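Trainee: The whole structure should be built from the sequences, with the hints applied where relevant.
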Amino acid sequence: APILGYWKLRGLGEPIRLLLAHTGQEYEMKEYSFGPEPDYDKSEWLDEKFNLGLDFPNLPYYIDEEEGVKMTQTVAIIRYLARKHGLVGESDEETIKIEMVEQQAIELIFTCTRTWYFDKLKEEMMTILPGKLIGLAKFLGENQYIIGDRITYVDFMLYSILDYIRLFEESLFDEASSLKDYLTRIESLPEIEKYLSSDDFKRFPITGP
Amino acid sequence: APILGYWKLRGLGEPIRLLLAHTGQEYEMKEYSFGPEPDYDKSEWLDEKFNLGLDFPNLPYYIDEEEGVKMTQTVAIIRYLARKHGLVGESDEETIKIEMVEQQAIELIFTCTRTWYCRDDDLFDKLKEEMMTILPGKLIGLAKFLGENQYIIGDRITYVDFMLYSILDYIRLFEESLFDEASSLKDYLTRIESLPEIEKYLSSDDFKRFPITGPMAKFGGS
Ligand SMILES: N[C@@H](CCC(=O)N[C@@H](CS)C(=O)NCC(=O)O)C(=O)O
Ligand SMILES: N[C@@H](CCC(=O)N[C@@H](CS)C(=O)NCC(=O)O)C(=O)O
Numbered sequence: 002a003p004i005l006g007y008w009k010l011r012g013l014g015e016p017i018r019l020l021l022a023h024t025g026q027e028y029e030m031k032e033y034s035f036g037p038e039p040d041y042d043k044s045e046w047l048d049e050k051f052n053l054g055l056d057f058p059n060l061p062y063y064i065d066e067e068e069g070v071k072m073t074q075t076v077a078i079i080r081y082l083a084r085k086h087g088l089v090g091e092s093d094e095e096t097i098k099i100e101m102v103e104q105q106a107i108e109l110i111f112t113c114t115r116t117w118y125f126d127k128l129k130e131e132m133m134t135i136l137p138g139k140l141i142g143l144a145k146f147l148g149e150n151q152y153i154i155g156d157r158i159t160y161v162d163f164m165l166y167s168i169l170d171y172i173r174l175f176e177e178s179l180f181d182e183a184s185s186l187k188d189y190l191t192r193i194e195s196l197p198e199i200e201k202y203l204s205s206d207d208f209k210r211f212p213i214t215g216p
Numbered sequence: 002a003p004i005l006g007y008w009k010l011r012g013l014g015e016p017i018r019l020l021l022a023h024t025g026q027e028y029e030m031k032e033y034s035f036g037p038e039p040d041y042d043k044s045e046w047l048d049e050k051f052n053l054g055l056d057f058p059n060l061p062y063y064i065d066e067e068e069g070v071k072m073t074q075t076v077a078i079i080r081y082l083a084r085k086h087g088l089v090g091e092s093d094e095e096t097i098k099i100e101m102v103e104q105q106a107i108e109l110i111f112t113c114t115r116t117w118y119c120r121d122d123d124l125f126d127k128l129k130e131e132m133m134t135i136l137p138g139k140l141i142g143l144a145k146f147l148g149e150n151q152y153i154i155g156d157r158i159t160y161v162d163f164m165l166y167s168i169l170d171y172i173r174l175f176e177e178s179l180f181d182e183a184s185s186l187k188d189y190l191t192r193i194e195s196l197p198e199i200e201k202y203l204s205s206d207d208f209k210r211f212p213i214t215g216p217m218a219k220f221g222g223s
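Chain order of the listed sequences is A and B.
Under full-length UniProt numbering, the letters of the first sequence match residues 2 to 118, 125 to 216, in that order.
One point on numbering: in full-length UniProt numbering, the residue at position 39 of the second sequence is 40, and numbering is uninterrupted.
Keep in mind that the hints were calculated from the coordinates and are not lab data.
C-beta atoms are modelled at their ideal positions from N, C-alpha and C, and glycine is treated no differently.
There's no promise every hint is true.
Claimed, not checked - In silico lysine to any residue, SDA-like type, Cα no more than 20 Å apart, as pairs:
{"hint": "1", "chain 1": "A", "residue 1": "139", "chain 2": "B", "residue 2": "95"}
{"hint": "2", "chain 1": "B", "residue 1": "85", "chain 2": "B", "residue 2": "95"}
{"hint": "3", "chain 1": "B", "residue 1": "139", "chain 2": "A", "residue 2": "139"}
Unchecked claim - Part of the chain B face toward chain A, derived, beta carbon under 10 Å:
{"hint": "4", "residue": "69"}
{"hint": "5", "residue": "84"}
{"hint": "6", "residue": "105"}
{"hint": "7", "residue": "107"}
What the hints assert, rightly or not - Output of the computed footprint for chain B on chain A, the stretches with three or more beta carbons under 8 Å from beta carbons of chain B:
{"hint": "8", "region": "67-78"}
{"hint": "9", "region": "99-107"}
Mentor: Given below as structure tokens:
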């Protein structure tokens, strides 16, 4: 069976795990745990990192012996599963929109892990994010999903990162309420609800120590 | 006729410009200049930013009314031009390889920016000291991946070669010592630089190995 490896955190793994849930794909989850305080050693990972046949060793990774796939890179992993489950654009027009939003999503990840991993930084996130969330609200418009009536991989990516931000400071979404309905639309998908109601599910931690 | 807009810096725009050159596609280059010292105001950009019909106004941008395309996001723009010109994977095996390398490339862009655009002298050194510990293993990864290949996927150039070119150059011009034992990569950069249309581009009067980043940044300012 396919293996998804990652830390015991939501982090970058979650959008992938949400996609696997929605699609019903069987996979084994290989979770690597950090060390005790304040060591926080990554040995569980570092001792295996270079021995898994990965071209660019890193977390997350995705392995499927049957298909001959050993992969790293979150966007590349989720793009791979999306094309395997038809969660991609059916037109270049759609694909343009999807890939803009993919990159807009990662732009929020990138400048959130610059703040979370900072008095002057958290002050600066607060000034920027509102305009970015307004942009996304204006893009979603009255659509059920970011690209329209059909759910695509980019909805899972957007879900995770917007949740992270909501948990950080909900006040930011005050000027973008549509997203809260969007986050609920996604939370109400049958397999996502079942994933979010697991015993294994833990909204925290999202990032490491 | 199609319009590519960006700052007057190599930055994120160069991989796109390299692809357009190689493919021979006609485009209008629209370049926004920073203001004087120390304002460097983005006025030229900020005055137009919201008048171009862009969903997520940002630089770089690409517009082609004939095709109905108004786009932003560097990775999305280069993937679009690649699909249009056949510089993408022809198999899932290739697409996996290309997209891992795409993302491995951007991971280096992201890390270098943090270090180069940092202002605090203490933080910049801490970041640099940390870049130097990481990049050797990243370059080994790329060398191991390229193997004996002409280009990153074999004998056929894909969009991700132009991305890799730009970012490896940025790193070379920052610390060549990192490539002292990376001949495969140095020969790779030479293979790309000697493509007929890339040679012409890098030999333009317009071209300038600097600036790479913006004035605010410590490295690549000019
Ligand atoms: N470009 C990679 C970056 C992955 C990454 O930064 N992973 C972090 C966790 S957020 C890590 O600790 N990786 C383990 C390592 O680099 O050894 C991706 O997006 O998949
Ligand atoms: N994810 C975006 C990021 C673009 C970006 O950060 N552009 C910088 C130049 S390095 C800029 O100054 N533009 C922001 C603005 O002024 O709107 C992309 O790659 O297109």
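Trainee: Indicate, hint by hint, whether the structure satisfies it.
Mentor: Tested hints:
no., hint, in the structure
1, A:139 - B:95, "violated (34 Å)"
2, B:85 - B:95, "holds (17 Å)"
3, B:139 - A:139, "violated (31 Å)"
4, 69, "holds (8 Å)"
5, 84, "holds (7 Å)"
6, 105, "holds (5 Å)"
7, 107, "holds (9 Å)"
8, 67-78, "holds (count 7)"
9, 99-107, "holds (count 5)"
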